[PDB]
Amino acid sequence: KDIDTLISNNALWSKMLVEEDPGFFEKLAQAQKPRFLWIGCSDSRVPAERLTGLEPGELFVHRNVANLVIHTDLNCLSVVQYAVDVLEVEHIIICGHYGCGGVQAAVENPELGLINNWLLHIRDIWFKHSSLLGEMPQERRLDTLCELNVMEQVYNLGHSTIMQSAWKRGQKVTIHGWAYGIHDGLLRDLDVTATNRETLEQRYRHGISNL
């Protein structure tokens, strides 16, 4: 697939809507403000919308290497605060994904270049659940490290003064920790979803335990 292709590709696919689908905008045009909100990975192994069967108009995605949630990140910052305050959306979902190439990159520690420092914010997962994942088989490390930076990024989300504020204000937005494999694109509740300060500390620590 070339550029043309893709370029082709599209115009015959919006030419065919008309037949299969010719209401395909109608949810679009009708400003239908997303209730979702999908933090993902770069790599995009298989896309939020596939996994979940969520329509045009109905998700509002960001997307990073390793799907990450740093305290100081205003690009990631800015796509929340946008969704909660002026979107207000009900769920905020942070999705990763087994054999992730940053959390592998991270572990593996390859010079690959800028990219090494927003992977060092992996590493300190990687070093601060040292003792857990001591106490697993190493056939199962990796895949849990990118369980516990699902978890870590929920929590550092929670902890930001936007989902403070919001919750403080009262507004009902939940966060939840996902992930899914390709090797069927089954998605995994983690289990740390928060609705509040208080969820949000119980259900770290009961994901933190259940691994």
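Residue numbers count along the first chain shown, from 1. Definition used throughout: the rigid core is the maximal C-alpha set that superposes within 1.5 Å between two forms. Compared with the form deposited in another entry:
Core superposition between the two forms leaves every listed residue (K172, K168, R50, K27) with a C-alpha shift below 2 angstroms except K27. Relative to the superposed rigid core, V18 undergoes a CA displacement of at least 2 Å between the two forms.
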Given for the second form:
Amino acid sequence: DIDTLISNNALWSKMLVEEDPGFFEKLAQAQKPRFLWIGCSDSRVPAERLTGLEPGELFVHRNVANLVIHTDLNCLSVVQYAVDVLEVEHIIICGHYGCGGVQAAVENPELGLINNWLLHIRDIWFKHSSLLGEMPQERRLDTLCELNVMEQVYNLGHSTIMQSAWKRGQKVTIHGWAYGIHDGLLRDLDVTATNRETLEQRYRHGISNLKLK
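Could I see the form deposited in another entry next, after the form deposited in one PDB entry?
Nothing else is written out below except the one chain.
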């Protein structure tokens, strides 16, 4: 309960204050994050734990099914601030196998308001219908999870924010990853782009190397 959490915070804080009174000293030392993590609200496994990144190195955004919608100002505001103000060098979009958002999109359950958000994933399911169709029933949702991350990476790269940052020569690299709850091992979908040209090439080869695998 809320009481338990409050208790935890107290103890947790107390402990650190003693053992490592410097812990809060480091944090007090303004360290601009160098990475922007865009993941799902499910947050099955915190980004910090998966990567060993320490708090302060990560600027974070989370929504249902880790989407980067062309016109979602919430995510775009996070991206623009991180890129233009914090000047992060890396942006990572991470999905996860078994994601409830991804599943709900396909198993179209009348969940309410949230379904509108999920229609963006449904567009993807239909876009890659042949590929998804030509494969085992049990492999489709996971493949869709990967297709989603790749499509969002593509959207991120085409945002005016990224196009303008690359055009002016700023150094920003975007990545697309995914992981399962059975080992928490990150899988690089290999759609890493450092400019507008590689974005296209990596998108193309990524989608095609799935049809081959």
